[PDB]
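Okay, so here's just one chain, in structure tokens, the form deposited in one PDB entry.
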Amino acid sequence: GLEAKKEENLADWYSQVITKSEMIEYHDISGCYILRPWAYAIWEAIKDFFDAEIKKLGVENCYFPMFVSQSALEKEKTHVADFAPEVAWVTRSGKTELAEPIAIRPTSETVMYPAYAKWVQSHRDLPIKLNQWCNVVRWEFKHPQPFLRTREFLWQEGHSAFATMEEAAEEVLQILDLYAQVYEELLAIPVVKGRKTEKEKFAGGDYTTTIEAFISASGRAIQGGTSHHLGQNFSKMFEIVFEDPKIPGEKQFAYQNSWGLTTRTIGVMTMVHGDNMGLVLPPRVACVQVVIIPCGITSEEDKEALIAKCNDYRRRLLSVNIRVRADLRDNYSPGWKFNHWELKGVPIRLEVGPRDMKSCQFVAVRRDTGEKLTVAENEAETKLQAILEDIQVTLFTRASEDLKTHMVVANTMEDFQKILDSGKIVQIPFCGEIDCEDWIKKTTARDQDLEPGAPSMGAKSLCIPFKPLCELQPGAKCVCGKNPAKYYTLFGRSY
């Protein structure tokens, strides 16, 4: 049974939920977590969708080494200046010192782009569109959080190289739209699409696009995924050059993107939809969508028939592409099974007892609302499908409502401060400068009016939304007062 309450101690609730749902186990090293099957299956559902979608775009999967040489790691100055403090270094094998230290990838731009340089000789060798599913290591000494912010994590990183800026620009937004589909259609989490500010953009990149999710339980926002246009910044450093004989002699540098998505998805899903009974799985990613549990059973051969009827429902659901398990163990009581599968967030519990079997009916119990329904055996495939779809809509609708009551506009620093301290994220007119962003962080921390159990921190930028709530009026001032605003920018306390 779950006893930690989400609105009381969020961090302890989160830890109880991810362990009792059998999603996470703690490793004997700090910041290292084990993905047990219940969580890994969500990642695999995400993988299946995104893999199919990028393959439609011409992207192919591959696998590049996990190690970088010091020489390659340092060829793009901005990139390495940003990643160097958290790059983990292998310096020996057994007791034998290595030829030279080699680094574990924090990201694979510097692993992959020397090979791209070899592969690009003429204009027809482009585009190059590669993806890999792998682990990366970002060894920060700040406090880790399972799924949300870890030293090692699973992800996918896509890397594409084009002869023209137009093709690259097109791909950046296509990928970002796929990440939005992952969050909104699979995980039932609404997100805000936008551009990262100058301060927050990928070091070494031209510009970074992003999707941002809002976690109302902490009132904080978090980046769900990211799609960068790298311009020619890496092609010039790694010599990814072609010669088009229609532009004789002139070396031409490829235009590049990289884009990434991680198992942070599963953490956001946990934080958004979880409740005080435990995890709540959107049916689109649930490892088990329907769990069948036999009740009653306090007369043999009926008990033998009851088990048979549970397996009948199981086969009927398997036949219609509903993912189903029959918890037929006798080693545990029906109540223990109810609790076990509620903790795990199974969308529907299918209860079968003797009376209902002899009456050609069953009971379906929805996990999002607890609502109980009696269904005729004949309708099992239809109604369950309906309920599954309805659950997915409900989860999304609720999450959407929370986002829209918690994201509002403010046009002055004082209104921004007050709204922010009330637990919301705010679209403000913004001049765009890094220095002004720093000042916003510092002063929104300095001026914070604390609300009970609210996070103590300054506001950061989240994204410049593609579709802001309001149109920037002509000659509007930034909240800094001294510069004209360039755009509405979403700000909030964030992970």
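Numbering follows the first chain given and starts at 1. Take the two forms, find the largest set of C-alpha atoms that superpose within 1.5 Å, and that set is the rigid core. First, how it differs from the form deposited in another entry.
- Superposing the rigid core between these two forms leaves a single residue from 469, 34, 457, 454 with a C-alpha shift of at least 2 Å: 454.
- Shown in the overlay between these two forms, fitted on the rigid core, is a CA shift at residue 124 smaller than 2 Å.
- Once you line up the core between these two forms, the Cα of residue 142 ends up 2 Å or more from where it was.
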The other form holds:
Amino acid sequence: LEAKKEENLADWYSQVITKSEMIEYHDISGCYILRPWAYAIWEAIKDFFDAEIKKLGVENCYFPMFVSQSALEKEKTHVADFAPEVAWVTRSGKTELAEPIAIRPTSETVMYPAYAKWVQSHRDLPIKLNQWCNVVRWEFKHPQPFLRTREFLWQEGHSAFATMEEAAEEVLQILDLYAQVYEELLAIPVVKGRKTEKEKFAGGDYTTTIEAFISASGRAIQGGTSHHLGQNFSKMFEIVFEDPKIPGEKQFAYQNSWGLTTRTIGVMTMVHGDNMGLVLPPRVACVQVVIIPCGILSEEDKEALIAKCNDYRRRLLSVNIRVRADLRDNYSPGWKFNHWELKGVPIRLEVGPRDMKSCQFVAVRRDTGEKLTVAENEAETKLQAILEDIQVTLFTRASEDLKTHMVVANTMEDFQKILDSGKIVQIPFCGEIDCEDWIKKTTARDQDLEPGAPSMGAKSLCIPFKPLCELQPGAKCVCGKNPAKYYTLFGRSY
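Next up, the form deposited in another entry, please; the one we just looked at was the form deposited in one PDB entry.
Lone chain follows.
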């Protein structure tokens, strides 16, 4: 890497994603190629989330990518929010279409006409569906690989229930899974919370979210969201049923929306990435251990050394360790070391002639760089132990970094100074869209930051379920105009 994370974050990130062979650029702005190395991380997330949502009775399906103008516009505030971000198809080949069709930014308006048909009685509920698909949003934002892309891969779950209580329970169940995806797969701590009125999903009653923190830039980012849509969509799409207990009266179904994207991968890079490259949490690493021959003798001797490497490979494969042996003749060991370091492989396994004769090998951790000499027979258990430990250290390091960078302020003045220290702050909040808009403008106007940093106002992240402090009985919004409703997390963001 030429660039350093502390010196220039953008250049560092740009170098990490390309040199790790995760991302390649496209000639369409905001669109990035997910090379195998990146894609494998997404596949690992998929394997885990899928198993978990199957336990909850959720089933996979595939809905069409195209939505009609009529369907898109059925729920009025939802379409109002998304109409500018929607890409329109207006012609096939040379023929203009009679009616333009929209690429889904989100599949509520695609799926709910089908839900209307399928729900004929109360027995038809609940309906729990999920799809893994691509979606396109032309947002007015600066695009960054993974974090903010014009096209993105995601999953979207859409559920429908007879009662609000049943729907409410699912929301938090999904939000916990997302937390698990971040915390125990990616070793990233998150803050569960409820979005404010201004930042909540258009068309839902309420939105839950997980917020992650990137130490380097001092900014927070949304990891995933789970919404309760109430009956806003069911009244518009006529997803209705007759309650046995309430004769002759049509009930509207209660609905939830939940989504998680390839943004995760960017967050993982920003949080754990270092100046030697990418750092993969062992849980999501395509390759957990890479075996490299050293000290390359006769043709027979070279073959035997290769055979030793491949035996290690077999041993690790048998204990469910994901392992590759880099046996290429064309690259020197040193080249290989750097290459795999750049890609963030958790463990490098070094094997030379002297080590083979001595019945030992060298393990090098990616997180710390600790070199360690292990006995040949203790390979499975020791490396398994090291991998388990790398995961904990990454999560531990990040948890400590989150803990100290999230603090409490009770004045606008206090809020400003801490924010400009590269921190996120829980403040007492009115909850009004006016309070929030004013804060955005003010935190930017009064901001004091380093010579390069551009003007960036703070926005709400979430109203935490578990705030650091309880709200003082008579406390007021930092604006001073009205009383505080809840402690709310605020910060610079994406």
